Structures are given as C-alpha cells and as structure tokens.
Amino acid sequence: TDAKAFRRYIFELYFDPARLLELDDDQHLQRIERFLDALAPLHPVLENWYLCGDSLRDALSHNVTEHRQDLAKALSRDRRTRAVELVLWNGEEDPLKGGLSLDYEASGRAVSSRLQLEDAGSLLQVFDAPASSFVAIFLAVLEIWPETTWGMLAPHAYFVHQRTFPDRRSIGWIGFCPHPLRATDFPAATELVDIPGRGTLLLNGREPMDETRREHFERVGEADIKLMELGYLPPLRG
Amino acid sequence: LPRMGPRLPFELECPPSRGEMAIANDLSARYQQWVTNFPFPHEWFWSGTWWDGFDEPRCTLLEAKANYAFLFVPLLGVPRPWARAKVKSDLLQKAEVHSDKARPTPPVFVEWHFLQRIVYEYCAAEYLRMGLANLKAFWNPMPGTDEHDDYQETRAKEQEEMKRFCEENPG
C-alpha cells in the first residue's frame, strides 16, 4: 500500500571482483538482459526500463526493453583497469509509486563489484507479498551470476547506525550467505533456503523488518552474531 | 548537532602541499570560492587528483558541492531514480577516490562542504556506510541564501534545546 512516510531500504548483491572483471562487454549485457526478464513478471513497474538522463525528460528518450539494441549504449569501459558500469531506472519518478533504478558496477575491487537497486523501499510500496517477491530477485541473481559472494536486503536506517558489527556487512532482513547453514544455529522465525552447492538464503521473518519494534531487531542481530561466530560475516571493505 | 565548520585563510608532514594550483575546465562557482577562498577557477592538484580547495594549516583538502537538490526527492531523502547515475559519478565516486588518495590519515583529512541540506544528509549517511573514515561532510552554506537562513535558526534552536536541558540537569 502507498504510504506518506516509508522506509529507505538497501538492496545489494556483491560478486567476486576477480572473476567478474574478465567478462567482456557481450557477457555483461546478457546478464543484465536476463535480470530484467526475471524482474518483469514480479510487478508492472518492473516491465519497462529507461536510460539515465540529465533531466527528467532526457531520461525517458530511450526504452531499453522496447529497443533492445540500445542496451549496449549504457555500458562503460575504462582504459586503465577495464571497469564496466551500467545504470538504468524503471521509468517511475515517484518512489511511492515504484520509482527504482538499477546500478551494476564491476571494476575489480571487492567493494566496487556489486549490483544494487536504489531505494528497495519503493518496491515495498508495490509488493503485496514482499517476502516471496524479494526471494525471487535473489534467486534470479544467483541463477544469472554464479560469481555472487553476498547479498543483503536491509533497512538503510538499521545498517548504517544500529547494526551489530560496524566493521562488517550484515545479513539484513533477507541476505545471501555463500555457505551451507544450519537451521539449528538461528532463531526460530529465521528460515533458510539452501541453493544446491551455492549457499543459503536467510529470511529473518516473512514480515518486513522494522527498527522500532524489538521483535524484529533481535532476530537479525542474533543472526549476525552467529554468522560472525562461524566466520562467515564479511567486513565492509572486502 | 550538525558538524561545525572551521574558517578559511588565504593562500598566495602534510604531503598535499607538494601539489600546486591548476585551472579546472555561477552559483556553483561562488560557493566554491566561499568555501575555499581559491581565486577564479584555480583548484589544488595533488596526487594526480583534483581538489576544490586545500587548508594547508589544518592539513585538510576541501571540496564544495552546490545545486544538487533538484536531483533528490526533498522529503523521502533519496535521489530521483533517473538521477542515480549523476549522484553516483558526481557525489559518491569522486568522494571515494578522495578518501582513497589520502595517505597519512592522522594529519590528512578531507572535508566535503554542501550548500544544500538534503544533499548533505544523503551524502553523510552514504559516506558512513562506505567506510570513509577520513572524510567528514558539512552543511556549510554561504550567506544570503534560503539555506543560510535555515542554518542560523537551526543552530539557534539547538542552543534553545540546550538551554532548557542543561540548567535542569548536571550536564
């Protein structure tokens, strides 16, 4: 449901920088194309994808889902340390209606080789069942990018100020851990989805996390502690 | 409790002094002159990197950013979706390359001074989640602007909030 004051959310997926760097311009563009195809059935705002622009009108000139040949136009290639960079947005201006953008950068550094969607909070406005729909996106990335080493869907307010280990990443509300995990070691309402030989998807509840109610806060904190205790919680810069 | 900005001197251990002034390729221009006291378009070129200003006494490199609020939704606190490419390359990437290009982190600090508040608010949070320890962000607006107005009354409402709290308590 559309609300007046919603929650900013980070939606990030990290990759192995070494392996992803060696993909050429052609392999990158098939990954993004498949990704947009997996997003399309989840909601009508995720069907179309437009290009970035200097103004609002300049950002609606080219539709990369209607004109597919124009997808190659949005891929950069640095001369020193080849680094591809791709930024789209879906075409909605208001986050309260689903305005969201796709930022896909792979330069070869661990911190700079990621994929993210600006303001996952816009998707919370449109998703009836946010849990099933967000898991779909995670499984899409893992299906398309085998180089994935991490993933985190968490409130921006939590992850910046309130997270348990400030020198580490977090699993967030829905995170990907590239290891086999044990349902015993986690809170009861925390449920796991093993990927054959790829890793585990954590879901700290099926209800969207909140940073003002203690029932949600302790659930991902215990989850983060067990991941650190097992040595699977990565640091920020790396 | 927004970060208090120091003042700036004039010009013409801390390595950046091994750089010099170069020419870079007018509300934005005025605000950088007000933050840096650097003449015309001169900027500090050190470590192969551009810096808007340089406080040699305080051993601090300076940068000024103005006119970037139209790229944001002023109440939700996020950039407009179509403007995510500009915010990345202009405000986030250039701020990482700056934190990366400082070596003696004890004496060499970097400061990013924003004319506009919602631009400061977004950047300050995004800089903390990036691991940018030696980069601090300031809402340091040049006078004769709506912002300077909301700046004066914000620090006034802090001394007011501090006036009541302090005289009724130990702290």
The other form holds:
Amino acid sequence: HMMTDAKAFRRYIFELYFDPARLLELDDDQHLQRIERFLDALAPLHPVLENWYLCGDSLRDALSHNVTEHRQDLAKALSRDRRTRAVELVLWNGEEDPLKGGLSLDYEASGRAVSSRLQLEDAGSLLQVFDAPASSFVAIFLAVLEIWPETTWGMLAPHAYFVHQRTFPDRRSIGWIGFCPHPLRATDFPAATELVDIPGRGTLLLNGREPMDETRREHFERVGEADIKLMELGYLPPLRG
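Pass me the form solved without its partner chain as well; I've looked at the form solved in complex with its partner chain already.
Single chain only below; no partners, no other molecules.
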C-alpha cells in the first residue's frame, strides 16, 4: 500500500557518526562553529527547527537562553555539558511535546567512535510536523555531510525496526534513510530504493516507509535488502565500532 499504519507517534533513532580521530583534532571554537552552521541549516526546514535553547530546570530557565539568538550562549552549553574526556553539547528546541515537533540535540566528540556522534531525539517528532518528510530529512543529512566531512555513517530508522528487525545483530543499519561513505550503483539495490550520489562523501539511501500492507518480497526489499547488499560489500560497519 501507499500509506502507513495509523499511529499517534512513532519513535525513531537519528544518529550520525564521525571519524573519531579526525573529529578529535577540532578545538572548541571549531565545534561551536560547526554546531552554529548546523542550526542555521536546520532553520529553513521547518518552524520548529528555528529556535534552540540551553536546557534548564524551570520552564523559564529552559527558554531564557536562545542560542540561535545569542550565539555566545553556545559556549555556555559546552561549558556545563563538557566532561573531562569529551566535548558534549545538549540543546532543545523549546517545544515540550514530541507530538508538536519537540526535539533535542546531543553532540559528542571524544576521540572514540561511540561518543563521536550527532543525535537528534526523538526524530519521530519531525515526522509529525514535516509536510514532505523524506526530502526534509535528506536535507538534514546533507547539512551534516557539508559541515562534518568526517561523517562515516548515518541512520534514520524507527526504533522498533532497529531493535527488533535489523538483519544483522552485530552491525549498524542504513535504516529508512541513511548515509554510506561510498559510491553505490542503482544496479545493486531494489527499485524502491533511491540513491543520492554525493561526490566526495558517498551516498544517501532512501528506502520506503513501512506500509500498512506489503508482500514478502516488498518487506525484504525495504531496509533489509539494502543492509544485506551493504554487508556483502563490506560497507556495513560493526555495532561495537
């Protein structure tokens, strides 16, 4: 079918991974500059992405420091979020309700893979508000690739799919939309899969969303067949790493 199931909210995972050695080379000024550029790139995509704030305890405190208004506040996020062995930065977009596009951002750079990453949670909130979600999510990937040439993997996937349906237990997944840092040939992939070639970076892959009804071939062809081809190419990275 062309439509999805009818559900009030779907949890998603949205994670971009960076080469830890190359990311660690950056100093704080460069991390802050990249985050500033990334927030700038989010702003045109939807009204809920236009404002970002430091976290706080009272609602008044958590809305007092708009880092898209006062960019010096971004350093104050780094100051309270930093830890001895890693830069970390946490922001929220000022919307408390996930059903209204509420979102937080978590950026870490440690020199290790697990904590050299950009996460948007819960990205299912953006599926709530995007009029044309496929292209808007691709635009978020495109921003990350332009700002972080160190990107080594990206995945946007339903949480339940990743946890309970990913083909390879000890590997990452390309998800519904994802980034693989290699050129790919449409020949090797299903017809429902769209490949966006990004010279100098790799490929963005768009599989189809989960429909209300689908056959066994269609089920296999969705995210599973793409993960299988990536694994067969040696491009699907291990989870532990």
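If you superpose the two forms and keep the largest set of C-alpha atoms that fall within 1.5 Å, you have the rigid core. Numbering follows the first chain given and starts at 1. Residues that one form lacks are left out of the comparison.
Large C-alpha shift between these two forms, rigid core held fixed: of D78, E143, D94, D103, this applies to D78 alone, with a displacement of 2 Å or more.
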